[PDB]
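K.L.:
Listed below are the residues making up each chain.
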Amino acid sequence: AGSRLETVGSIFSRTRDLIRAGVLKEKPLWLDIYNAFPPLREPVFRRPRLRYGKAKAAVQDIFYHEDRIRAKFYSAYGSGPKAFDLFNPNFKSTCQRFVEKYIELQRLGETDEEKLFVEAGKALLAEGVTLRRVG
Amino acid sequence: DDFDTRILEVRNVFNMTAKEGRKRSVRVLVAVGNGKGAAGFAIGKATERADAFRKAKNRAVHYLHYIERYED
Amino acid sequence: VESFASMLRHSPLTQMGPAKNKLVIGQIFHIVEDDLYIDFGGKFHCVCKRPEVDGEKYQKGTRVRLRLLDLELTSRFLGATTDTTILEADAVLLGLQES
Amino acid sequence: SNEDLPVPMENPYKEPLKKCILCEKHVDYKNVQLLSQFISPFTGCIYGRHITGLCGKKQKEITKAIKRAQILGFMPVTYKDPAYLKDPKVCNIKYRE
Amino acid sequence: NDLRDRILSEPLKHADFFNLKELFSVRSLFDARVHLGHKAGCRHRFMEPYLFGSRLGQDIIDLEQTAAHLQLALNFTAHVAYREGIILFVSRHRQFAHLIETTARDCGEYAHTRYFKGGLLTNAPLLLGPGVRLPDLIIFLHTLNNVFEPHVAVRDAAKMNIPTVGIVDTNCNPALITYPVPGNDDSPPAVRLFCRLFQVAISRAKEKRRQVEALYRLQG
RNA sequence: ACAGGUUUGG
Ligand SMILES: [Mg+2]
Ligand SMILES: [Mg+2]
Ligand SMILES: [Zn+2]
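Residue numbers (the deposited numbering), protein chains in the order written: chain Ab, 2 to 136; chain AE, 216 to 287; chain Af, 78 to 176; chain AR, 47 to 143; chain AB, 55 to 274.
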């Protein structure tokens, strides 16, 4: 018939050995496909033990240097007037234009944080965006 | 036909119901194996002994392992 | 070829940062007798209540404005190995595509 | 070789921590007007954390100052001084529904 | 019989036998909210190697490995449909139950989006009929059911030796799925993209099988 | 020790 065992291993590891033993005298059609293109991980059963102690997950947080600049704009003026449009792939927000102006002014050899921060807000008035400083 | 089975354990299990009181039930362990490395085991529990043996034999084929045997 | 690392940095979700009080636009995709399932576009759809002003102007496919509060309501309780996800989002109605 | 990879930095959007009403303040045992804003006007029970909302430091010092002022003779125990009844309500408890 | 084995052995010698690489791209997967997952608190422990990072609580999936696993899954799906394999889309989710059934109808494969019965795949000779033919491939569009627990078919496939290709979110358990794909199954665009990918993978496979049979008829 | 019998509605 077959092997209804789960914790021993994978379906391939349970069918190939059975066919080698000679009980299953008919080869499944998917076995040739599995031998031709095996997956990256063998589907072995693994029990999700809970993580105790000082151990922590191996995932690393996502943070960029642009976030350190966006924090300044979000603490100074808050949310921009032009609402975000999550459907447009190339949508550029007010804070995105601000951090672009910031990183552009950084190349001019400006090391003062105030010089890099207020000049971008003053230059955005040339493009003509409206800023609402939260006080 | 090449499979051979053996009974490993036989036990008269009792259960206390509401009306019949003691309910004698036979539970047995049955192992199957052909001799080429493929084998398995199962548990058959029923009321009659001949029925428990048959259920164990029919359920032992579904659970089969393969034992890696050095030089067989 | 543009890999994932480059296309993720230019995502609007990355530019938005935290989801606390952000002005977004969402298109309604389903209509109930009084509730509105608005998909702001990030992960989930927020459920809002139909206001008394221009309540008839809200139809299937209309784009509206929202102030996003939370992206996905998840929290932990006693004896829960994981969190209890609401499978929704938290947002309030302000306008309907003021333009 | 990619330059758009996330960098292991701190959280820039980390909001400041919430402060208690007396955070970075100087509590005393003689300001009966200050200590009365945390006791019940009808009985004199000292309100707890769930009603006041004070962080771990000032909560105990307020209780110590109240217990000192109730024995030294600064503030009555069985009730609240009615002269300090017109003080602004700081607690989060509503009696008259 | 000597000529029929060549039809089966022909696609096994080539890697992209059906040209499935043009069906999608990393950008096509990014534009469908696939790279987005649940919060960090709902993270299953077996998703740390399948996650790219965490953007303020919300985890992000690595689209490179996503696309690689998707290529492998689509290849394995196309080969089964070419070899006349019964493909069952099992997905218990009361948001796209209509879309999944319509995709299965347009593909000619079977679907299951209602209450999954207990002895369906195990006690099949009593639930379906005297002697039935079990699905040769099981495709999961939502691994977790309405109780946020792993589905029953994802275990029954491994218990009956049936291959499984499943979309696993950040809270799913890919320990038993044969060809898992780390993605998002909560977004309408994501589920539409996966449905269309499987649609074209089944359509091209069936059409190429018909063309190979037509060529075999002229072979002699 | 290659072990087996013996508690209990089980
Ligand atoms: Mg999900
Ligand atoms: Mg005893
Ligand atoms: Zn304090």
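Calculated directly from the structure, the hints in this document are not laboratory data. Check the hints yourself; a few may be wrong.
Just the calculated beta-carbon pair ranges, DEER-fashion [what the hints assert, rightly or not]:
#1 Af:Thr159 / AR:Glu61: 23 to 31 Å
#2 AR:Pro54 / AB:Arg58: 53 to 61 Å
#3 AB:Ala151 / Af:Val78: 47 to 55 Å
#4 Ab:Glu7 / AE:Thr262: 41 to 49 Å
#5 Af:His107 / AB:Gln273: 23 to 31 Å
Under the rule of at most 25 Å between Cα atoms (straight-line distance), these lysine to any residue pairs were calculated in the SDA-like manner [said to hold, decoys possible]:
#6 Ab:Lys26 / AE:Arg284
#7 Ab:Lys26 / AE:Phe256
#8 Ab:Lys83 / Af:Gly138
#9 Ab:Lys73 / AB:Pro179
#10 AB:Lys260 / AB:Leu110
#11 Ab:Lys28 / AB:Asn55
#12 AR:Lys71 / AR:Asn138
#13 AE:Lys272 / AB:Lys67
#14 AB:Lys67 / Ab:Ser14
#15 AE:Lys238 / AE:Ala257
#16 Ab:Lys57 / Af:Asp160
#17 Ab:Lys93 / AR:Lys104
#18 AR:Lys104 / AR:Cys137
#19 Ab:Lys93 / Af:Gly172
#20 AE:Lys260 / AB:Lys67
#21 AR:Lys140 / AR:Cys101
#22 Ab:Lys83 / AB:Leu110
#23 AR:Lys113 / AR:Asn77
#24 AE:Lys251 / AE:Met231
#25 Ab:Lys83 / Af:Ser88
#26 AR:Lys60 / Ab:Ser14
By construction, the Cβ of each residue, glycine as well, lies at the ideal position given by its N, Cα and C atoms.
K.L.:
Hint by hint, note whether the structure agrees.
P.N.:
Hints and how they fare:
Here the CB-CB span from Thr159 (chain Af) to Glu61 (chain AR) is close to 25 Å, well matched to the stated 23 to 31 Å. The hint said 53 to 61 Å for the Cβ distance between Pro54 (chain AR) and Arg58 (chain AB), and at roughly 59 Å that hint holds. Checked against the hint of 47 to 55 Å, the C-beta distance between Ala151 (chain AB) and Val78 (chain Af) comes to roughly 37 Å, which is inconsistent with it. Distance hint check for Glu7 (chain Ab) and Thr262 (chain AE): the Cβ-Cβ separation is about 30 Å, which falls outside the suggested range of 41 to 49 Å.
A beta carbon spacing of about 53 Å between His107 (chain Af) and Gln273 (chain AB) contradicts the range 23 to 31 Å that was offered as a hint. The hinted pair formed by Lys26 (chain Ab) and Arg284 (chain AE) meets the criterion: a straight-line CA distance of about 21 Å does not exceed 25 Å. Between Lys26 (chain Ab) and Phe256 (chain AE), the direct Cα distance comes to roughly 21 Å. Compliance with the 25 Å bound is thereby established for this hinted pair. Distance restraint check for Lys83 (chain Ab) and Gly138 (chain Af): the Cα-Cα separation of roughly 21 Å lies within the 25 Å cut-off, and the hinted pair is therefore satisfied.
Proximity of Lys73 (chain Ab) to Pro179 (chain AB) is assessed by CA-CA distance (about 67 Å); at most 25 Å being required, the pair is judged violated. For the suggested pair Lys260 (chain AB) and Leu110 (chain AB), the alpha carbons sit about 45 Å apart, so the restraint of at most 25 Å is broken. For the hint pairing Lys28 (chain Ab) with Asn55 (chain AB), the CA-to-CA distance comes to about 17 Å; that is within 25 Å, so the pair holds. Pair hint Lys71 (chain AR) plus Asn138 (chain AR) holds up; C-alpha atoms about 20 Å apart against a cutoff of 25 Å.
Proposed proximity of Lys272 (chain AE) and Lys67 (chain AB) is contradicted: the alpha carbons are some 43 Å apart, above 25 Å. The hinted pair formed by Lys67 (chain AB) and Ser14 (chain Ab) meets the criterion: a straight-line CA distance of about 23 Å does not exceed 25 Å. Note on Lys238 (chain AE) and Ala257 (chain AE): the hinted pairing holds, with a Cα-Cα distance of about 22 Å set against a maximum of 25 Å. The suggested pairing of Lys57 (chain Ab) with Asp160 (chain Af) holds, with an alpha-carbon distance near 17 Å, which does not exceed 25 Å.
Restraint check for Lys93 (chain Ab) and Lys104 (chain AR): not satisfied, since their Cα atoms lie roughly 47 Å apart, outside the 25 Å limit. Between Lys104 (chain AR) and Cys137 (chain AR) the CA atoms are separated by roughly 15 Å; this keeps the pair inside 25 Å, and the hint holds. Between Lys93 (chain Ab) and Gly172 (chain Af) the CA atoms are separated by roughly 22 Å; this keeps the pair inside 25 Å, and the hint holds. The suggested pairing of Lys260 (chain AE) with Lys67 (chain AB) is violated, with an alpha-carbon distance near 50 Å, which exceeds 25 Å.
A hinted pair counts as satisfied when its Cα atoms are at most 25 Å apart, and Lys140 (chain AR) with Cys101 (chain AR) qualifies at roughly 22 Å. Between the alpha carbons of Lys83 (chain Ab) and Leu110 (chain AB) the distance comes to roughly 23 Å, so the proposed pair stays at or under 25 Å and holds. Only pairs whose Cα atoms come within 25 Å are accepted, and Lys113 (chain AR) paired with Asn77 (chain AR) is accepted, the gap being roughly 13 Å. A hinted pair counts as satisfied when its Cα atoms are at most 25 Å apart, and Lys251 (chain AE) with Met231 (chain AE) does not qualify at roughly 44 Å.
For the hint pairing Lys83 (chain Ab) with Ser88 (chain Af), the CA-to-CA distance comes to about 16 Å; that is within 25 Å, so the pair holds. Between the alpha carbons of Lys60 (chain AR) and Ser14 (chain Ab) the distance comes to roughly 49 Å, so the proposed pair goes past 25 Å and is violated.
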